[PDB]
Amino acid sequence: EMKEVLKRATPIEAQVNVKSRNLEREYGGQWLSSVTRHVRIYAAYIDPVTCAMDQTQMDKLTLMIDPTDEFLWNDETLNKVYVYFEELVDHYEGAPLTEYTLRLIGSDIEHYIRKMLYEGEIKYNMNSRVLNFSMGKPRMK
Amino acid sequence: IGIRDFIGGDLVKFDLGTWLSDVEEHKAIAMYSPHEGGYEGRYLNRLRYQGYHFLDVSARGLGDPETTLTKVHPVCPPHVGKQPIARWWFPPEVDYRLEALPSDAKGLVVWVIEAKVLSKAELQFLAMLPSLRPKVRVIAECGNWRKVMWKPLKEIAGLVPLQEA
Amino acid sequence: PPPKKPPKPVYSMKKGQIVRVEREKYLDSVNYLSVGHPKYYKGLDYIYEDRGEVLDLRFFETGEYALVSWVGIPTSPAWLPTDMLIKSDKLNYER
Amino acid sequence: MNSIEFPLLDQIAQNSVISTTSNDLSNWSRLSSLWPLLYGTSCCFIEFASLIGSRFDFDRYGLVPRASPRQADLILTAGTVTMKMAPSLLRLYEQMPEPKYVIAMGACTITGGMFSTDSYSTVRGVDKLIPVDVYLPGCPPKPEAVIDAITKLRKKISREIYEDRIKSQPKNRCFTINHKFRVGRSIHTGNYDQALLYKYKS
Amino acid sequence: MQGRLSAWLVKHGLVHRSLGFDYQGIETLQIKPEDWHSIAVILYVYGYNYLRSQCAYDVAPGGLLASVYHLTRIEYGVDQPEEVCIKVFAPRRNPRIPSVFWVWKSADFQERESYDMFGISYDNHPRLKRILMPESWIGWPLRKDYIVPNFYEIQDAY
Amino acid sequence: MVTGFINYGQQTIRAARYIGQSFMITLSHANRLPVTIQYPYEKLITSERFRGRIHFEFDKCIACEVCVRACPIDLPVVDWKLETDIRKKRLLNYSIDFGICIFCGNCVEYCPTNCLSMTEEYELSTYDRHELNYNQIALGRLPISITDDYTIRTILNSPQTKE
Amino acid sequence: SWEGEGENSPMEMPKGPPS
Amino acid sequence: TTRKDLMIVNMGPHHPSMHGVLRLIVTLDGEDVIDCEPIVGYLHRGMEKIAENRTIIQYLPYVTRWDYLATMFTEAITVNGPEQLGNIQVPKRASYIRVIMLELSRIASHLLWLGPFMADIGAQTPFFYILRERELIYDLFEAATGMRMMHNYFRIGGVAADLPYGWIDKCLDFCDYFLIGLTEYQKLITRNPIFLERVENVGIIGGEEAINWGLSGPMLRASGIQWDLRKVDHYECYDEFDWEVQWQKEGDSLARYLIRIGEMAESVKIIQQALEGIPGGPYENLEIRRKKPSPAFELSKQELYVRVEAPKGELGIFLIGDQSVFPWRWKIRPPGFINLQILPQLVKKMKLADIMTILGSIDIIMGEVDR
Ligand code: SF4
Ligand code: SF4
Ligand code: SF4
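Chains as they are written, first to last, in the deposited numbering: chain M, 63 to 203; chain N, 65 to 229; chain O, 57 to 151; chain K, 1 to 202; chain J, 1 to 158; chain I, 4 to 166; chain U, 78 to 96; chain H, 5 to 294, 313 to 393.
A portion of the hints provided could be inaccurate.
Capping the alpha-carbon separation at 25 Å, the derived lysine to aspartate or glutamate pairs in DMTMM-like fashion look like this [stated by the list, open to error]: (1) K/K199 x J/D123; (2) N/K184 x I/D151; (3) K/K201 x J/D123; (4) U/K92 x U/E82; (5) N/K215 x N/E100; (6) N/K146 x O/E105.
These are calculated hints, taken from the structure and not from any lab test.
One chain only, chain M, in its complex shape:
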């Protein structure tokens, strides 16, 4: 019973009038990000309302799960993925901001997403643009 998933991942305080900025000359040329069909981890501040990404804010990690919707997401499932992301970020304390660390974090996050899909937490999103089942076809147990 009880509330469950009571961690309730707290995001950083939302900024206003954030404008899109490219990476500087010394920090540019690198990915400082891990992008993949279901997960985008950016060392940047991305706001969803105006679609503005400030990449000079390297002290923030913005996580976007399922941009091209292949799964149907409730708020509880989003909170579960977000608390797992927070725990993974706190677990990797002291690691560099290189692409390798963020790719590892995205890999564990997608393994968690596949585990949630196979456990029944989330289902494939019909009425999607494509129906290819990148995590596996519907199968019986």
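Starting from the known structure of chain M, fit chains N, O, K, J, I, U and H with the ligands onto it as the hints suggest.
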């Protein structure tokens, strides 16, 4: 032959009412289209306008459509030598999509692409599928032609004598 | 002539044995320098998940080694020392 | 059980002349001018080049290759996508304007192909990175098979309605936290072979 | 049998060790890492114009890392050129081998590959960084005891 | 001083001549017939040893699994069980996934019973990846020859040279 | 095992102009 | 002028002039290249690691994926490493077939170099013009081997199968047509004023620098060096045919273009001479040809280095066996990977539009640069 052949094969024709009447009367329809494709969407689009939801089935890898579509079927995922052989069981595709459709949908339309590779009996079953499942319409591309023409699939499969058009 | 007297110098395990790697012994081993990860990285968890399978065994000048490849992982197998591996009982893996 | 589910939606629209024929003509226009990205990575691109050439013509379907993503409708992924290239591939796909279509050509683009077993850097299929409309099997697929895959893509394109547009825009959900990682500048700064003769340091 | 280059080196008093010949009879010599930077210049002085290939390989897992150099001569009027293989062995714990980029420029990329795949650090190489693998990668993939850290996009296409 | 202008004249007429030569060489191709094969209205007849989709004979398979070992990726899946009455290997399932297949030809070459063959069936594109997992029924289907399709013009690459 | 050969060879430049 | 004036542009993996996925970090001072940094490895599939844990009959399909234009050269080096290790002889007919296929692949590789080179210069029609005849080469290969590319035709101790009936006359007719096509190419391109003024004085390389940098093939031969590994190592049957090593004295890109055209002509002469004097007898070695479990080729326990004259230079294999089916070490010496490292030296103090000409002068394909 010419004259009529070289005259407009335009896609503004009023064949669409006849097409919908045929797809409602004859549940299973064999369709013939231009080789370069893209002139089928005018006819499938109105079916999707009536609430029908499409299930795209490739007939090349269909694999005995009776147990592939109307039964739970065993499939082995491809190991590359790193895993032991696993036998997975998949739900019946058309019935899974039927029971998972929203209640407001008119039904399911099975778009069988490249149905020329199927044998005679497979086409017989594909034509007789809507009899077993009432809310299923069958559309199968059985070839290519200069202009879009459709026939009952039972006539092509051999259940009905092929009346001259 | 044989290397010692039998055709093979006799090994600790048999080919196809399901093995599981020590965490601590692998971490202080020389071979971990090939990966170079810090201690808190979570890329090598499946190593300890009792998935490995021995394909071959050989006596190199640095000791006895087994070429292990983990079931379900489509990557190249690795040569690991026999002291840091345990022969296990079951596969303990489902796809 | 990895099940599937249909979300809740409203009734479509229904129209007599204007909207339906406008949608059909838009679909037909996007049929005949599927400009490829000219995205080439590996050996399969050679066969892609064989589809630009004279024996099999790209121009009959339209399909003029455009270098910039902003001018490209279709990305025809030819070649293995390594770990070093996959973020670049996803950017290039994202920078393409909607509506956009993806064809995974080659066995290395569908599931990794020969590198599905022992390669430590090959992405096993771009369906893990980009939504693929048509899968094209074959190591160097014959250019006629590429044209057949493009024909099937046209078959699916002509079936589109206006509702599919709201299936295409991203939902754009975000979540921002501090990371307390170590920030480091780029290793590849562009300094190369400049004042090299003074870099001996005996 | 003593090779031509080995006889020349023992005539000039240069320390080395002859490991034999390959299947084609090309001499194979072993050079200590501390003397390799001095011996490479003398090798060019002998007349080895062409650094045909630079390679690195694993002698044994958990063992020594060997760096291989193939050398030959490009000259007018020579019928059969003289080719030599030379191997320098470094420990796995901290492999350090001097760079021959200041003798033959052809090593410029190749030694970087030897750094990218096996982790052999070359001292006087001015631009020693990963060339084939991503620049932020941790680990040397071609070592016999390397283990891939379970990336999602490397796993099976489900 | 005049010789400089003269040399400028002769090194300008040469460029005009060579530009006209490029124009003539390119425009002489307008009098030549096109080489384009108009797919899909015209199809090129494949060679006698073209490596396409696999055809599998279920009755001739003995589940010896040498086709798996000869494969570069161990792709073919041979699910079999032992028939204890006769102690012979009974085949249950045979599956080749063509999303991973490279059509190298090792299986059809090293099969001892010769039940695996290469057909001319290219153009196996599908909308769904998992539809490329052909089982023993899909592999057993006879390929559709382009010579049997009479709505297209089958193109032969070279003269038959069988005289 | 063995030993590193040509450890100055104990003669090397025996008489004549040294190399 | 050190910073905030120097534009660092990433002419990277997605660029029409970048053959494949080569990346150049180019620093420009008003269309003048101060320097450039080559980033490669966007196609690194780890093929040296896949070379182990694979038998030769399993690794042979993987071989054609480096240098996918000249596939027969990679297949030849892969099948002649272990057959030299095991002392396997090759029959004369198989050797002649190998020579013919290698020369045809050299012709095709030089063609599909000329195409992208002139495209990068600015002419798009020569791409279609080379493809008109590379399709004929593909037709010959598919008639003989069974596929256009990735032939899987070369085998240890011979070839996969004998030439089909009616192949010699078809190849001779192809040679007769291709000589005319090459004359048309030289008429259209070679003296063009725009082509010359784009090519005549770019990328001057000294012979000493070419030797020191490890260059091979048309790169090294275009600096006054007559170094061909077909005549130095006496490969196959190249000592029996009359042919000339194409080399030029000047170092510019025009010398490389002329060298590749002359190499195509000499290759055509080699096919003509080989088909005129084709021998009989077997093609597969009957000694090695022998439901039962089938082992692969067990490599002997010794090191070996084998070289071949690829159209891009010298392609090498360093093979260390382990008395087992899987080789212990399989190092690939790629000609393009070593020819590419001279590019920052050449493009330094040059212009932005000259980078395309320099990179098209070098026969670089990214599938062979990384492995
Ligand atoms: S199918 Fe894959 S391995 Fe084969 S050429 Fe294409 S990209 Fe390379
Ligand atoms: S080699 Fe032939 S007979 Fe043996 S298992 Fe494979 S398909 Fe069956
Ligand atoms: S054709 Fe080659 S890759 Fe395909 S299943 Fe047969 S052996 Fe495997």
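### Task
Taking the numbered hints from earlier one at a time, note which ones the structure violates and give those numbers from smallest to largest.
Those not satisfied: there are none.
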